[PDB]
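Listed below, chain by chain, are the residues.
Protein chains: 2
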Amino acid sequence: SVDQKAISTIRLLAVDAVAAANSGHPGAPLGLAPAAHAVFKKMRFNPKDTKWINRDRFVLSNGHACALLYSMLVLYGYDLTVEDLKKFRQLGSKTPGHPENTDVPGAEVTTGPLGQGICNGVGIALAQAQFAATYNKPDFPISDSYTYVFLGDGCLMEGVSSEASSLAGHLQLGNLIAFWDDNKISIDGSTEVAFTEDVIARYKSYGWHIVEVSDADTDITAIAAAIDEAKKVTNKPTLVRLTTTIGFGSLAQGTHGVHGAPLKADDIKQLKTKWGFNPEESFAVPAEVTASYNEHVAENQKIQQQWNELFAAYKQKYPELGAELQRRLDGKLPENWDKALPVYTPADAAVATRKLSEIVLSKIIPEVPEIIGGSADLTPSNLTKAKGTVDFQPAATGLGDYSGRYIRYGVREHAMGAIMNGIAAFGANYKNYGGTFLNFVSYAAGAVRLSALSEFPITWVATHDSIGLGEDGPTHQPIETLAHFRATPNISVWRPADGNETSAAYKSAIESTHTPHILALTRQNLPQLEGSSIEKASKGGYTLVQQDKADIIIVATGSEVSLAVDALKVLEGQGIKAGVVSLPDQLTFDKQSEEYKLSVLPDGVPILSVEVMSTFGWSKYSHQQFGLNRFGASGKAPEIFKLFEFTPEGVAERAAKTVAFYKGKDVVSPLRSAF
Amino acid sequence: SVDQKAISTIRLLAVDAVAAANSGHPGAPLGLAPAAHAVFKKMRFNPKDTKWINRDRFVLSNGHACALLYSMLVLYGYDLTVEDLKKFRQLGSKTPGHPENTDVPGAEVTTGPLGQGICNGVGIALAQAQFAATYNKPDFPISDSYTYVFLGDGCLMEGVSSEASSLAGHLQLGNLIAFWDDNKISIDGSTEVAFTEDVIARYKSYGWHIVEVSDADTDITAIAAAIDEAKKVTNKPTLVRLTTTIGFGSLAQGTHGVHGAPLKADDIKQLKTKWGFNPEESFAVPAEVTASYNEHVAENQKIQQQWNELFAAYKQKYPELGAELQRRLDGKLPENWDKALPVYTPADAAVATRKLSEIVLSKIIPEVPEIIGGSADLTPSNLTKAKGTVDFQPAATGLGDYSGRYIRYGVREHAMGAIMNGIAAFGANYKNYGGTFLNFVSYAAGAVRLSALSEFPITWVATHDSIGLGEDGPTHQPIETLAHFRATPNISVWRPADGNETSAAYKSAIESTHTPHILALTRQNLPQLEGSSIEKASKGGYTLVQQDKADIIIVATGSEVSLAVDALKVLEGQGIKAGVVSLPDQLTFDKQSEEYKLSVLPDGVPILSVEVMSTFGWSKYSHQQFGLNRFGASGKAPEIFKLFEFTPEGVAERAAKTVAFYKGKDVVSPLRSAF
Ligand SMILES: CC1=C(CCOP(=O)(O)OP(=O)(O)O)SCN1Cc1cnc(C)nc1N
Ligand SMILES: CC1=C(CCOP(=O)(O)OP(=O)(O)O)SCN1Cc1cnc(C)nc1N
Ligand SMILES: [Ca+2]
Ligand SMILES: [Ca+2]
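Protein sequences appear in the order of chains A and A'. A prime marks a further copy of an entry chain.
Using PDB author numbering, the letters of the first sequence correspond one by one to residues 3 to 677.
Using PDB author numbering, the letters of the second sequence correspond one by one to residues 3 to 677.
Accuracy of the hints is not assured; some may be wrong.
Copies of the same chain look alike in the list, so a pair counts if it works inside one copy or between any two.
Unchecked claim - The calculated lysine to any residue pairs, modelled on SDA-like cross-linking and capped at a C-alpha distance of 20 angstroms, are: (1) 638 to 262; (2) 365 to 55; (3) 186 to 337; (4) 365 to 345; (5) 139 to 405; (6) 186 to 399; (7) 667 to 607; (8) 644 to 262; (9) 50 to 404; (10) 665 to 550; (11) 644 to 308.
Source of the hints: derived by calculation from the structure; they are not laboratory data.
Between the sequences and the hints, there should be enough to build the whole structure, so can you do that?
Here you go:
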């Protein structure tokens, strides 16, 4: 039949791509081609409009199987061709060895690191439910799309998927339909060696619906029926167990050897003949398969055409909501939204930056509907919920509504990170955030790195940033955390010192379209600074205190800026004139012009950095560094700062030593380099 | 009764400690005091010998509840007193706000970061099973101890605990007995808001045994009976559901407000009177409670006395095993074990450092019985299994034996990290390791940081360290990873360049007693270097190529050392004389004498670093840095190195620019500083 020919075409495109690269993963593509065929035939999508907001989404969580995804995209006429498949895993191609949303048309997210994609799917589905609750009206199903996820044994072993699956079950996300490739094989061999749990019983315990397909190597009728069944269960996410043979059809089917290396050439020949293909030919695309797939595309395009007319009618019936929706689909924030950001003067009271963050959110959430967010069981500590909003919960619970704006993630940092990526991936201008203690953002590093690689504008509200948190002690106090994320490409790590800097940090985070943000916020109160403004802090680094005859410049962040200003006064009494630079975001600063940056960190003067955590990175901006390169302590925070000499006198002593160390030396800006 | 008085004493010590600090967590201590009393009465331990190898272990995974643990330790006469309880959460005390094994007698591990302790308990139990299988003989139950873990809702939400619980069920770890504090309250309020899964059904799906105690606020008989029941189930770990009221007895019991802040003074008064204590008194310890607890200690000490005689008899009956066991309990490796480390010369073939690691393990595993380890589903890629060893599995599976030495962790990096911490915590000189790709060590950051804080000599075998892995692409290629871990206190991050350096890295990792190791290893082959040796590489950094008239020194690690040596030859043709320094471990180097370090990185010469990942940290050792501060690419590895100019000519160009940049300047070692 044409369906059988399409499945063979998919299988053989994937095998031939792996063969051409002499690299990659043929096993899961062979096993999942029937399911991929069946799912894509049920999906609504436009290969010529990858951003249609009511498309069904597909996520390949087992991203090593991407030769399968690329084959589907090619067959459906996305902006990906057989010539790109021939360049699988080759430098600069559109077919990298794991799918990247920035590079691959039709890849919703970046997968490959196991467990991430299913959590991203939870976030896409969460966003769709929130979006539909916000915009749909009687006779106007603006959003009614599904989220389809493929995942394997490896994703099911990774704890992040347990976190997200528990939460998705709690949230009753009935438009999520996941498919487990139940092939009993991973890299170390049989799953009997390490993965003998009853997966289905576990997913029932989360509140998921289950459909089992015992012959998923052939039974596309049953796979399609499983999708229909899942769509009728509107209050539970569904897991479809696809019992497959890894490498189905290969001489080596059902073995770990077919997981992750090219097939032998003789194996590929027998595959082709068993399925009616020419064993002398590679990258075959039978025209009848193209015709069949084209008919589905044409039907989907007529569905999108009708959706566009529905949207036009919605704009007439619901003028305000329609304009809001249009603005969001255009990727634009409300005009002048930033006028809602709080502004402070030096006469205002000292405030912790976690509380300043609460105040910002309180002002901007009512003005910017595409902001949603939550906390990992730290709502009253991170201060991430605006008073008067409702939680995102299924209404059946009585605890919230899908129109709600605040997510109770539970103690699930890693899944929160990957769910945020999925919310961003949904689109519609979502600007979403997640709170935890800064030290526990590290639990989510797998997802945070993917925010950066995927270019998603997510935001971590990362409070309790340092030894300033006090008594909880060294298990809670960041040392390495800023250095880790600042060393990751494409992460904006804001450590605001005061009210105006906190507003600048949020301006950056909400305006972002391609860069994730981490806002490192204090438990403890900090004064409003003389010289701060949103305007200057928006530059990432700026001269807070200018001193034309400076003997030294002190560059600092966050809680240490006020410390530097107090040290300047001690130094004055020692006959030393200091300037102060505040560096709330190193990435934003780095992006400024060379001339601007040199105006902040000029030649001809020693520069000392001060920040109560690792000194890594700081030599970009300073000649000497005063930091904290050991673990913290459990005690009242001011006593810890005193112990480690983060006091005005301790900073002054090190500044004076810095001045003395450079006497008789020629000093050029840390910004200079040889290449 | 005395038991009732003991429970009240525990509760009130914990409340009074929180009150004195005006900080900390009274709720879970109040709820778990009955269970703590019951469990400690079943445990075998010696407060005067915290290292008795056959003690039962206790782990408080919900580490915020540590006022409970400290109260138990005080009441049982560990080296912790009421005066220490009065200093709870005060700078420098023995009672920090979360328990630290380095500081608190009777704290087996460092907990507080949720989810870790239960996984540590899995590792303690895994080690006990391996240890017992190795040493026990008929009539000689050298090891027969249990592992008791308390955990709360937060630990159950964290994915790492799912990973470890799935694995522990697979491993049939019948001496593990965990207790869930089922109090339905977390920081964000009721668990109904985020955590509605059927926990018991999930644990059954992992293959755990379940006991439910529905009245754990009072029913110590049922808690004791649950322990007895768990001990009869020898092939399953057990979860005991303790249904408790958080803050039991408080006016605020059953609320989130009692989780994490001191009680009101009037509340503490009514607690004391309801339980027969003087509301005017704090830190009361009734002498009848001390007497009751002392009788249990005296009985336990007689048990240990008999164990010591059993061990003496074992040494006569099993002379070789007895001597091996004695050596391990003395904390000593076999005499001259390091003579088994492979040594190479420059005439030997090029080898990937992952393969060199395999060869080391092959030589040292047969010589050092206390080495065990595994991989997170990457055994044939990390090359972490020695041929001829058997896997650690329950014999009932047919797949291994508890005497085995190789652990199939599955795709569970985070739990592997925390399990390794538990294996190290067991003691008996275990030197244990875990393999994954370097980029996915990041999934385990929560546990890795705790290895450093806890001072455990665990080892990550972290292969596929860079863009050198090639086609899997940027989702797999480390950039920030070394910088992250090098910025963490107390992590030895070895990046060996060749065979001799790989042997030095293992010498360090296996000899370690207080410092975790990460070995960053290559996919790709590297040449044996002229000038390398175990002796010199053991210094962490050393002069590979000495050049008395150097115009520049190039400092490099790993795969980039050979690149530096090739660049030296290009530079010679440009009239520039270079030296080369290899820096296989920055931490070990930093610990050398100032004079040694200056002999490697002298004054008076520009120094350029080369390492194909982040430049963070490198200014400690260099004036200019050539690194990779952007994500990687999917292609054949040599093409990626060429794209980014990590070639002999690209290094030479940057070296020549460095020489030119310092012409006319006075240059001092990067090791110098102002303070
Ligand atoms: C173990 C591992 C794999 C086996 C998957 O096993 P699986 O899901 O059952 O896949 P399969 O049915 O055999 O094709 S892929 C490559 N990888 C390394 C790998 C490890 N950890 C993380 C976080 N991401 C990864 N990418
Ligand atoms: C959320 C959070 C807590 C609630 C526990 O909730 P729980 O286990 O149910 O404890 P309980 O019964 O209420 O006393 S503790 C402090 N913490 C922050 C916290 C967050 N993430 C990590 C990895 N470790 C932490 N330490
Ligand atoms: Ca599999
Ligand atoms: Ca709880």
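Checked hints:
1. With identical chains, the CA atoms of residue 638 and residue 262 are at most 20 angstroms apart between copies only, with a shortest distance of 16 angstroms across copies and 53 angstroms within one.
2. For the homomeric pair residue 365 and residue 55, neither the shortest alpha-carbon distance inside one copy (28 angstroms) nor that between copies (59 angstroms) is at most 20 angstroms.
3. In this assembly of identical chains, the alpha carbons of residue 186 and residue 337 never lie at most 20 angstroms apart, being 54 angstroms within a copy and 44 angstroms across copies at closest.
4. Only within a single protomer do residue 365 and residue 345 lie at most 20 angstroms apart by alpha-carbon distance; the minimum there is 11 angstroms, versus 66 angstroms between protomers.
5. In the homo-oligomer, the alpha carbons of residue 139 and residue 405 lie at most 20 angstroms apart inside one protomer (13 angstroms), although the nearest pairing across protomers, at 65 angstroms, exceeds that limit.
6. Taking the shortest Cα distances, residue 186 and residue 399 sit within 20 angstroms of each other only across copies (16 angstroms), while inside one copy they are farther apart (37 angstroms).
7. For a Cα distance limit of 20 angstroms, the shortest separation of residue 667 from residue 607 qualifies both inside one copy, at 10 angstroms, and across copies, at 16 angstroms.
8. In this assembly of identical chains, residue 644 and residue 262 lie within 20 angstroms of each other by CA distance neither inside one copy nor across copies; the values are 55 angstroms within and 26 angstroms between.
9. For a Cα distance limit of 20 angstroms, the shortest separation of residue 50 from residue 404 qualifies neither inside one copy, at 31 angstroms, nor across copies, at 57 angstroms.
10. Within a single copy, residue 665 and residue 550 get their C-alpha atoms as close as 18 angstroms, which meets the 20 angstroms cut-off; across copies the closest is 29 angstroms, which misses it.
11. Taking the shortest alpha-carbon separations for residue 644 and residue 308, neither the intra-copy value of 67 angstroms nor the inter-copy value of 50 angstroms comes in at or below 20 angstroms.
Consistency note: the structure conflicts with the earlier hints numbered 2, 3, 8, 9, 11.
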